[PDB]
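Please model the entire structure based on the sequences and the hints provided.
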Amino acid sequence: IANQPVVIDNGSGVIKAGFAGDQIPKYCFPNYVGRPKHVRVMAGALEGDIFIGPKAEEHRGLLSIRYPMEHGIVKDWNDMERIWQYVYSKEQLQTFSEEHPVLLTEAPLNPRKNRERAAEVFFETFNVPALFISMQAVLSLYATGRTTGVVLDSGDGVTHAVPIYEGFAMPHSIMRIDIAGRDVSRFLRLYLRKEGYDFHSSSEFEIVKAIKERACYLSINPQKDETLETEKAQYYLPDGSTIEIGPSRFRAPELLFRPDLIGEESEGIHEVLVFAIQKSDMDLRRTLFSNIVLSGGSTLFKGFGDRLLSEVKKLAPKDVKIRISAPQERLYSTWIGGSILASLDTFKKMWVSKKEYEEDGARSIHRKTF
Amino acid sequence: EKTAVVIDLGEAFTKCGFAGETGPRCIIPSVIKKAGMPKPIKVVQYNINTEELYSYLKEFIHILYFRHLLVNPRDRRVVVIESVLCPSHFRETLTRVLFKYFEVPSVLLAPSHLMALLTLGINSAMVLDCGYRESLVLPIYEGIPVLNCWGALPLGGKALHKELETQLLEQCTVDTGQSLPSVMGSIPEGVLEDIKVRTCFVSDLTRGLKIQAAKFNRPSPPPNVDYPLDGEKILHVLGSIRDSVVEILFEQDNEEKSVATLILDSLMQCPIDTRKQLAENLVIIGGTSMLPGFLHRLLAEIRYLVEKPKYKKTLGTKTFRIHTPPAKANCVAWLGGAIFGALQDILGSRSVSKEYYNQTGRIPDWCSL
Amino acid sequence: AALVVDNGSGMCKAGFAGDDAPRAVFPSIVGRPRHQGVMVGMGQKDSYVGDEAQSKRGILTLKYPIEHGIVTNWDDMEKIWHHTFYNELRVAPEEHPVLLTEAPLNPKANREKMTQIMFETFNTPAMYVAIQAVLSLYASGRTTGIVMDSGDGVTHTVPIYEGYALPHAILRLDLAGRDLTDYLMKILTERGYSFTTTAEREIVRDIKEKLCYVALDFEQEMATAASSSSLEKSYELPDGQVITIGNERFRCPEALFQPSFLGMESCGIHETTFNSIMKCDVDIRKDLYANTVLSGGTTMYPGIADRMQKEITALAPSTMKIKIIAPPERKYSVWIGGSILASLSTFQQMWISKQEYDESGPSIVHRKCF
Ligand SMILES: Nc1ncnc2c1ncn2[C@@H]1O[C@H](COP(=O)(O)OP(=O)(O)OP(=O)(O)O)[C@@H](O)[C@H]1O
Ligand SMILES: Nc1ncnc2c1ncn2[C@@H]1O[C@H](COP(=O)(O)OP(=O)(O)O)[C@@H](O)[C@H]1O
Ligand SMILES: Nc1ncnc2c1ncn2[C@@H]1O[C@H](COP(=O)(O)OP(=O)(O)O)[C@@H](O)[C@H]1O
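Here the protein sequences line up with chains I, J and H, keeping their order. Under the entry's author numbering, the very last position in the first sequence is 376; numbers go up by exactly one each time. Numbered by the entry's author numbering, the letters in the second sequence go through residues 12 to 188, 193 to 232, 239 to 390 in order. Under the entry's author numbering, the very last position in the third sequence is 375; numbers go up by exactly one each time.
Calculated directly from the structure, the hints in this document are not laboratory data. Any given hint could turn out to be false.
[To be verified] Just a sample of chain J residues kept apart from chain I, beta carbon distances all over 12 angstroms, derived:
id: 1; residue: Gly31
id: 2; residue: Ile38
id: 3; residue: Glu70
id: 4; residue: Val82
id: 5; residue: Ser218
id: 6; residue: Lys225
id: 7; residue: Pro243
id: 8; residue: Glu253
[Stated by the list, open to error] With beta-carbon atoms standing in for the labels, derived distance ranges:
id: 9; chain 1: I; residue 1: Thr131; chain 2: H; residue 2: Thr203; range: 33 to 43 angstroms
id: 10; chain 1: I; residue 1: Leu243; chain 2: J; residue 2: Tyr325; range: 29 to 39 angstroms
id: 11; chain 1: I; residue 1: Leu243; chain 2: J; residue 2: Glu62; range: 37 to 47 angstroms
id: 12; chain 1: I; residue 1: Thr236; chain 2: J; residue 2: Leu224; range: 48 to 58 angstroms
id: 13; chain 1: J; residue 1: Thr177; chain 2: I; residue 2: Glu53; range: 22 to 32 angstroms
id: 14; chain 1: J; residue 1: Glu272; chain 2: H; residue 2: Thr77; range: 53 to 63 angstroms
id: 15; chain 1: H; residue 1: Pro322; chain 2: I; residue 2: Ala368; range: 12 to 22 angstroms
id: 16; chain 1: J; residue 1: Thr335; chain 2: H; residue 2: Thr203; range: 17 to 27 angstroms
id: 17; chain 1: J; residue 1: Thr221; chain 2: I; residue 2: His178; range: 37 to 47 angstroms
Each residue gets a CB set at the ideal place from its N, CA and C atoms; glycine is no exception.
See the structure below:
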């Protein structure tokens, strides 16, 4: 049974799906379960009481949103099962789980219990013939076309840097942080309390994400921007009222380079990129600096890559040719690589079949991934 | 030598007096009385013209120091107890008014939770300040406030006022001058504060659950008493209404949030070594905490939320003790600032002076550089 | 009269000469707090030291000054010495002489800088730097025998015969307790017990001290772990939360015997000791096999002496009689040796003096050491 396999690119902020051998994912939507706050008195209302995808994006004010995943690790499993069911259902894909093999994605160095429980869901509740779980860094390199290089990534959940050199992923050189787009949104909300425009609800939290996506820029010199007085630029809400953002727009993404403003100790994006290159062997470091790949949504800030260069120039050895490459489609880079990986003929060998899972269990899934 | 000034600004009330005295000298409300004005305007406001705020603060400070302090603050220091997350725009305006207009020797913009902790005399504590606008949580461990562990729902005094205005308008019973419901569209805030202080009886956990069950498909409705009002229009306010207004403060469903849950979310964010000392020392301060029979309903609701499966996997068995302060619940933050200012002429040096303000630009807020 | 100060990378041990056990025992840590613009109440210390940093662990950034037996930050090491003398011991360094300890095959500049700080800053009357293995052998009582010393800084071996150290047969090893603690922390993250911050580094260290033990046979222990759940113990944290791990007890200290897990590409402690003995002269191997002394905290795992007896016998010829000297007080063996060395009358003529340091400089210590 070798049908056209499905590539479900997981993620805490966003989830993406489609088919193998495609250019871009046709089905992209945010990963959450919207449940209604208010009572539904009038007949002929929004049926179901569980809102996923564009319906939930349309009706924000009604629904109390809640993300099932946190830091690339699912907390609420029943919510993720409903989201996966919605992906497969007629509202998005219009295909059965029984026909096609599955390509799942996960962040590196996650809990194995969640990976086993993920496999349990795909094999038993859905009746999948074959499943395969893979890394985000390996997929990004497939999408670009390279074999060598570091893959710095920054989604909503996890920030991690895995150095790979000519098809050799180094496990002990991996760095990982719990500082990412979701946390950047949380501190922008914290800072907008200091501006005056307080937000509280989970639907109202998505306004802070929209402000982060649109009006934020990373300064080269943070001390110089602090000494200067900001202009206080404006932004219109979906409601109508204007908001003077002020210094919170530039101080919010500074988080990723300075996590001391949290009150929780983290490496940061710039140190993780350097540390991953340093922890690898001596001869591989210069090739890893030349091939630096970016990915995820939290690399899309204005003057992010310019700052990430300047931090590498500060830390790394002098007189070395640095090169932070980045594709046009940075958010979709991981899905494109999965679609390319799925289209290759070797994909049949890598996956975990249903029969092999029934015989062995979790041990066979742990062996095939690494 | 010189007893410093203490101020604790806010939207509803303002605690003010001398450093060293056990409790403040007076507490005039935040509003001001203007000649040729229908209604009294509130002083502490956010998102509004700079020059207008500056004039409003001057007007409030002028009526304050004559009546409260009976002195020129030009002789000695000041302690302006701003609540943390009070807008930087508002702090800058306060800094301008204190230095440019009046010309004080020194000022201080220190947080409310750390000073409230100085009253207890312990270095580690979980703190909750239920004021007018917001109900802010902030855990302190060994002096330093743990900042990213926090929470503040719009569920303080102003939310209770809005609920009282809604429920009274739905079920109204005014006397003649009987029937005639919903004659007046709105009602004044000063009267509605006096109703909250006197009438509103806070329910127990079991009573609260019974009320929540009744709202979605009636037990213990009494007691009910009327409230007198001016212009010969007494209104027969009910007993089930005031209990229902208090219930929304502890309403969990469909937000996953309440006054009780906010402490648990703050505890969740905190690290593992810090966790147990914060749980042991849970301080409750602010205006809403003065309500009668509040501390039981909170502690019982806290415990009920810990018993739930979602919080057992992290928190589990914990000894939630509520160490109460010496002064009253509203006036804990002020007493801490009075302790901080009176005793230590040394710790007055760390605060910003007039010499430092003119050349530099501003008091340093917790920000970059 | 004289003070002995074993500057360990983990537990800094100190006391007086001619004593049974040290008085001052504490972890060599210097916790600096979360620097935010918000104030702090009723005063506090800017940089904590020792047991104070361990007590108030949740906030402070715990940075060890010694990394692999190498002093990285010298201001941090100077604060710990100051904490040892004035606060703990309650005696000035000007009156008493000071015995110090470093591991063998260390950088030559570190002794010179250590000695400079003692004479210039602390104004010591007399000082000496000894090898840790030489003191560990001297605490045990024997003149002859190899010492497999293993702390959190550095594992190393020093073969000695009839009071004649063999400096060229010495073999320093990068594997140590800190690397085992980091490995245990990683495999805890693999089974859903994530510990990122440095406050949790001490909790996982404390888990490593209690639960973990050396396996007699690793493949057998892995097979029994899959079958039964009796080996799976539980450890409660400082927080009321309690956690259970099955595989990770025996798997953590196995990294000593299989460095391939950590990614070091080095010889294991069992065969490093063998390779040290083979580098010695052929006539004096029997006595080194007979007196295979252990010392330090990394040799306090239950059943380590049994595993060393199994592996060394497997490496060596069948005719040899292998024997591991594993005392009850091997955790504090380096300091006990220094106390006995300080108590002897022969050591009074072996000290460095202030006048000799002023004549020569820092380079005099290399002559005095060995
Ligand atoms: N009971 C135990 N079981 C296993 N490991 C332990 C135990 N006690 C301590 N350790 C480990 O050994 C370390 C204790 O250090 P130790 O007493 O060996 O001196 P040290 O600081 O390593 O100095 P040196 O390098 O000179 O030995 C701790 O950091 C810990 O990781
Ligand atoms: N243009 C942008 N600027 C800043 N942040 C963005 C932008 N676009 C998306 N983001 C943030 O990054 C996230 C998307 O990253 P993604 O790699 O999809 O995360 P995940 O894979 O965990 O879902 C969003 O949740 C959003 O908060
Ligand atoms: N003695 C009291 N009994 C009951 N409620 C009170 C009492 N005093 C004040 N309150 C209530 O508490 C609120 C005052 O909050 P406050 O502590 O002044 O907040 P802030 O300092 O942030 O302005 C008012 O809304 C009022 O209704």
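Legend entry - Whether the CB-CB distance between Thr177 of chain J and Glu53 of chain I falls inside 22 to 32 angstroms: Roughly 29 angstroms apart at Cβ, these two residues keep to the hinted range, so it holds.
Legend entry - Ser218 of chain J remote from chain I - nearest C-beta pair above 12 angstroms: holds (23 angstroms)
Legend entry - Closest CB of chain I to the CB of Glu253 of chain J still more than 12 angstroms away: holds (39 angstroms)
Inset, instruction - Determine whether the non-interface label on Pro243 of chain J survives the test: each CB of chain I must be over 12 angstroms from its CB. - result: holds (27 angstroms)
Inset, instruction - Evaluate the given range 37 to 47 angstroms for the C-beta pair formed by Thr221 of chain J and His178 of chain I. - result: violated (56 angstroms)
Legend entry - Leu243 of chain I versus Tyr325 of chain J beta-carbon gap, inside 29 to 39 angstroms or not: Once the Cβ atoms are compared, 37 angstroms apart, the range 29 to 39 angstroms for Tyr325 of chain J and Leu243 of chain I holds.
Inset, instruction - May I ask you to check that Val82 of chain J keeps its beta-carbon over 12 angstroms from the closest beta-carbon of chain I? - result: For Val82 of chain J, whose nearest Cβ neighbour in chain I is about 33 angstroms away, the distance exceeds 12 angstroms, so it holds.
Legend entry - Distance restraint hint 37 to 47 angstroms, applied to the beta-carbon atoms of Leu243 of chain I and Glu62 of chain J: Between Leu243 of chain I and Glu62 of chain J, where Cβ atoms are some 26 angstroms apart, the hint is violated.
Inset, instruction - With 33 to 43 angstroms as the target window, see if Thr131 of chain I and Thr203 of chain H comply at their CB atoms. - result: holds (41 angstroms)
Legend entry - Whether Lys225 of chain J stays farther than 12 angstroms from all C-beta atoms of chain I, as the label says: Holds, since 20 angstroms exceeds 12 angstroms.
Legend entry - CB-CB spacing for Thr77 of chain H and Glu272 of chain J relative to the 53 to 63 angstroms hint: holds (54 angstroms)
Legend entry - Outcome of range test on Cβ distance (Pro322 of chain H, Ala368 of chain I; 12 to 22 angstroms): Taking Cβ atoms as reference, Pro322 of chain H and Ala368 of chain I lie about 44 angstroms apart, which means the hint is violated.
The structure fails hints 11, 15, 17 (numbered hints given earlier, in ascending order).
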